[PDB]
Amino acid sequence: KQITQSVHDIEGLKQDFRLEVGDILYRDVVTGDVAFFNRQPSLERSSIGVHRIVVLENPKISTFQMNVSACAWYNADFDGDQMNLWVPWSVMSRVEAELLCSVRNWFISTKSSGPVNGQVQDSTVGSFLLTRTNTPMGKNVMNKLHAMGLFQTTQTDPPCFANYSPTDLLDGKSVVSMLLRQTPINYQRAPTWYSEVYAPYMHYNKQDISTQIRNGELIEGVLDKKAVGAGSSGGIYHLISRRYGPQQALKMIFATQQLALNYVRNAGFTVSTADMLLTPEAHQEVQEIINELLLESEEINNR
Amino acid sequence: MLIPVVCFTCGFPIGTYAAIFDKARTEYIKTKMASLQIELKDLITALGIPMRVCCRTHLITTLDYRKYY
Amino acid sequence: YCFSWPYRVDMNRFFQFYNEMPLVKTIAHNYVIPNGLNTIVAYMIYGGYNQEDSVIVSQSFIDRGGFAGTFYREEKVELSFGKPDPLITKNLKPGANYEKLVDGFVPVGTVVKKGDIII
Amino acid sequence: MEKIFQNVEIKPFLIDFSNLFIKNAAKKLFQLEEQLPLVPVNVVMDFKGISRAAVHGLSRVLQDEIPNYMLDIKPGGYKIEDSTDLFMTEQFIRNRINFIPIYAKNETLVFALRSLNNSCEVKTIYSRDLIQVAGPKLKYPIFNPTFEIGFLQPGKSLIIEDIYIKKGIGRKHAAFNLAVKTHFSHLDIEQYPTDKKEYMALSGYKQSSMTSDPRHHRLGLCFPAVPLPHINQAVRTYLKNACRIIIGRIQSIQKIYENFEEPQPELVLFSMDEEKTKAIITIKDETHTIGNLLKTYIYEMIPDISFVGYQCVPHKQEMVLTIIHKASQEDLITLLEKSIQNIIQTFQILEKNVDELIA
Amino acid sequence: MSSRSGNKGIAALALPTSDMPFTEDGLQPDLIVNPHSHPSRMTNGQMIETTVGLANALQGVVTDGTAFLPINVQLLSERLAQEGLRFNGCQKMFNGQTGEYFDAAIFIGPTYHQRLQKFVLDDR
Ligand SMILES: [Mg+2]
Ligand SMILES: [Zn+2]
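Residue numbers (the entry's author numbering), protein chains in the order written: chain A, 381 to 683; chain B, 1 to 33, 45 to 80; chain C, 811 to 889, 895 to 934; chain D, 1 to 359; chain E, 996 to 1119.
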């Protein structure tokens, strides 16, 4: 109360319900408040960023929760890392936090001028699975119900599927284009999937080895680390930032992340011990290669 | 400290047969003879516990505090 | 952590109720009591909640006692023991409960909170 | 006419006393020469002409969204005396007792545990030591007597006086979990032989789940403790209760729908621009069961829908269902009401078939 | 939480029983571990432990997996096949939230896990 110049606890207010104009109320943090999020050591300019608070009303949760794609700002992982969080309470510090220190300002690295954020891990491999031309089940198609279900969690305005029958089939490139059309960009680059070391073996699909986007329509190629990966200069999120703003890129990273995650929700992705196992014929081939290296070492000894 | 009342994973009540299983396993090991390498596949089946990876894992691996203390 | 845990008074010591022998044991477990559980684990992507070394856990597995246990803290103070009388007033701790005190101490079995006074 | 719920196999899990070691152990421990009063029963149900959303919703409800009973200790019921065992803490024993599966008609039963080890070695407390002092005397036991509640060191006691029957659902605490999953398959999708190296990395089904719409399902659920002489009645009651729980939740959502002419916090309607109306329904503490059912039946009722989808974010603890359709608010509400009526009819048919089949 | 291969992990999701994925036999995980946690750190001992423990649980045995003991992952996978499972430890699995099966068979099995005594209530 500024008339008394005194601070009063909320429990001791007998008839102080006259919260009069000019006095300062200290209220709880609500969803939508901005907070400074800091991981130490603070080495980068993005080691402190301002995030919009989402209050987790579950009393059993006591962790700071963040999107996995926001970890690139702090060089953080979830193996036990701790980060400091303070909510600006002053008006000047809150205006500053919103306008200046928001993490949309650190989407492009000051150090390298490239984008910092992008898809990581599941969203990188889930974007490839979504946008690949063929699956082991045949063509990489989904029906209208599953195409709609990919956009359930994007938190954006969902596209229109009214022109699709229930039995109509949609490609993963078609549903991706439904999202990228909101921020149309032009991209043409080879994917990380296509590489010359792998090329002599494996059948590379022609539709997969050249990623092309025209006005937000992905027409060929897969989306992987080259296009959607974090720190990929010239990727789709760097382009969205250049044309529409770093805040749009952050919203597009989240939306494409949801599409990739909702796709693997049906595709499934796993690793097995048999994934690392050579066939008995290939194990003999590897043994013969090493015997060649040992003989070459042995001849050097004889010299 | 004991075999759990239910399977930790699925909630099937393995503690219904925990005591019978412990005693019967001790006897069946004592006839056979590592001790842990003797197969309890048929012993667990007789108790009515199904071929569930989770239920048979927690049944045969849970440490009994009375055995160590 | 210590088979004499209830007799001992410990600080920051966690006693886990349930322990399992590993299904794939090693020679070390012949000499140290196995601590941990043979959890069923699926190596899979499930909604992106286990990324960057995170894990999705079964809530039922938590409720059923998996990795549950008791954490202990010791409060030792040295000298008289007794609940302060209202005559002290001024020197009393601000906002402290000062209740739940019998014979100068909190009774065994009482749930204490941040505002409570113990000993 | 067709029966949605087709044949069912009900097979209890029984102890095999043909095993010498099992018979000897049961005789030496509990003097048990026969089956326990309550046995786990594996129920394998076949469903035809029904969506996967309805069958999986039934499975989810029977797992952890059906009201269920468990034994809990009232505050102050764990008597701390000088002779209490120091290893059987209230937390450990309460966890043991909570997860004893009970089959209780009556909620007004209170049990007591009064165990004292006067002998020179460790005495194990069994579930038979839970003596009942409250309510009507149990003609049939509600739990098996073979559970190991704990063990007492020599000279130690354990008194637990207020062991009452608590009600709840399993998604709030797993002690209320009812059914465990033993099988789920679709009978109208062909399967590869997955022992082949070429197919061992795939699920087995010859249709991608992103395009398949299976209507013939096999659902196998195990119930942990039903009385041995009354297996079929218990299974019937479980299935009917699940169906009526689903119907009741759907009818709550039906009430929100019908009250649309008056503003409600849980239902928001817009007319966006192109004759499209956006309906957003938000129900707190609603799970994927109802959301999936609603999305599936709205989609089946409006195949040309602009968009239908739900999100159950693990935080915010709510179900948010968004319907966008090229129709007016009243016409959209009519279609949504008719889809809800379709859901209710499906589950009422399921309940009738449950009565018809198990009998 | 950590496994015996040193792969630490922070638990951030508690799903109910009905929300967890389950196999065609109803086996569901206690922990869901990202496959992306394997390839970089090369914790293949955890994979082999899961493979062996899948057959250990079905045979009702506990086996010695000490380091430098002879290892043949091909024979362990053949043992998995002999126990009635696939050559890999992968099973047909269904999404718990929707009931839809994953197109890929999911590698699921018993891996010994430990609770590291760093508690979030102590840290926060
Ligand atoms: Mg770290
Ligand atoms: Zn189990």
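Simulated from the structure, these hints should not be mistaken for lab results.
Do not rely on the hints blindly, as some may be mistaken.
Unchecked claim - Chain A stretches covered by chain C per the calculated footprint, using a threshold of three residues with CB under 8 Å from any CB of chain C: (1) 466-478; (2) 645-655.
Unchecked claim - Between beta-carbon pairs, the in silico distance windows are: (3) A:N585 with D:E274: 34 to 40 Å; (4) D:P229 with B:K52: 28 to 34 Å; (5) E:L1070 with D:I131: 53 to 59 Å.
Unchecked claim - Derived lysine-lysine pairs resembling BS3-like cross-links, with alpha carbons at most 25 Å apart: (6) E:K1003 with A:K440; (7) D:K74 with C:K928; (8) D:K123 with B:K23; (9) D:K338 with A:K440; (10) D:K352 with D:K338; (11) D:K74 with D:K167; (12) D:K156 with B:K23; (13) E:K1113 with C:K929; (14) A:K440 with E:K1113; (15) D:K27 with D:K123.
For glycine and all other residues, C-beta sits at the position ideal for the given N, C-alpha and C.
Hints versus structure:
no. : hint                            : in the structure
1   : 466-478                         : violated (count 0)
2   : 645-655                         : holds (count 6)
3   : A:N585 with D:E274: 34 to 40 Å  : holds, 38 Å
4   : D:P229 with B:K52: 28 to 34 Å   : holds, 31 Å
5   : E:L1070 with D:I131: 53 to 59 Å : holds, 55 Å
6   : E:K1003 with A:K440             : holds, 22 Å
7   : D:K74 with C:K928               : holds, 21 Å
8   : D:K123 with B:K23               : holds, 15 Å
9   : D:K338 with A:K440              : violated, 39 Å
10  : D:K352 with D:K338              : holds, 21 Å
11  : D:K74 with D:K167               : holds, 13 Å
12  : D:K156 with B:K23               : holds, 24 Å
13  : E:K1113 with C:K929             : holds, 22 Å
14  : A:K440 with E:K1113             : holds, 17 Å
15  : D:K27 with D:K123               : holds, 18 Å
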